[PDB]
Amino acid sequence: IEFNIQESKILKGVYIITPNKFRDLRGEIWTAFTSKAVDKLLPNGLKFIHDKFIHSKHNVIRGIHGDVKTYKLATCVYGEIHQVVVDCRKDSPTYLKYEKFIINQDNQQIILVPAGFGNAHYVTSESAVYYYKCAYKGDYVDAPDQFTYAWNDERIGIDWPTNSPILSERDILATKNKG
């Protein structure tokens, strides 16, 4: 069990973690997280405590969501996504800058998204399974200072692979009408 752990080339506090994978013609086995290797990247005394899955169809966007206290660890365990992190810390020299990562079975990057960042992803495959872990102090009251930004917010200007994503459930009616 090995991880390559690198800090982002552009957004301070973001980490890019790559596991070793064991592959043969039957499939592949890999470790996405150990406490020993990855909880150490959090603020003192904090640990990841939740594991969540989002399965979405082709062309769906999720995000942009964040707050000032939740750390996330995100990857794609089936299919392909474009994963986006946005620095939403007002004092930061990279405020409203973003980084995008194309994540799939041959590019198994796992992104540590710090508190104060927005999180989003877009599905390029037929469907994708998004996996993310969460860490935060305070288990009883929902986060203050939560924010949601539009996928195509003009201040951020994210380069997504389409101009016509599915956002709302109402948007999917136009798509894939069976003949």
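Residue numbers count along the first chain shown, from 1. Residues that one form lacks are left out of the comparison. We call the rigid core whatever largest set of C-alpha positions still superposes within 1.5 Å between the two forms. What changes on going to the form deposited in another entry:
Rigid core superposed between these two forms, residues 28, 126, 145, 51 considered: the one with a C-alpha shift of 2 Å or more is 145. With the core held fixed between these two forms, residue 159 has its Cα displaced by under 2 Å. For residue 170, the Cα coordinates differ by 2 angstroms or more between these two forms after the core has been superposed. With the core held fixed, the Cα of residue 108 is displaced between these two forms by less than 2 Å. At a threshold of 2 Å in C-alpha displacement, with the core superposed and only residues shared by both forms counted, the segments of at least 3 consecutive residues that shift between these two forms are, in sequence order, 90-93, 139-146, 168-175.
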Second form
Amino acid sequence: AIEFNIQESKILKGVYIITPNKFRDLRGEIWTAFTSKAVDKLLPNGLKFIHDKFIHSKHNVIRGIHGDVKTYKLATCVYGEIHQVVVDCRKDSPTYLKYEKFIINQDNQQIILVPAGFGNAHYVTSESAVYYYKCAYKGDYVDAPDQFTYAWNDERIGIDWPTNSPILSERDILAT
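Taking the form deposited in one PDB entry as the starting point, write out the structure of the form deposited in another entry.
Next comes a single chain, given without company.
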């Protein structure tokens, strides 16, 4: 009765769209975001998710676009609603700076596998949102200084965002 629907992106090869089922009742809802048996097989040989992170952001925050050459991510929204965006940031890739966007909320609980070399970003449409992502990497976590950054509104990517004036960090402004 714990189930996953696992579909590969039609737009970006190697991006996976994972949808869990849920048990809903008078108290709320219960669901499984991840099992090693269901999801780690999607990663390359020798790699498993080993790191769980939470981001709680206020309305009209954008975070991104962030990535590095080794870190795989599995991302969703576990409270509120986001626009989740994946960008192919591999400079050798024929689909370099193509993107895909997912509107994620409790009724659309897509979970996105973001490969290494892809950029990751989200926008908060709700009053606030809690972003959940898992990381898979060998050796050390790649912190912000060693990551690449693209501007949320880079004209090459041309993302359709629901904001014309987001709340950003200095990193994400420097990128613009």
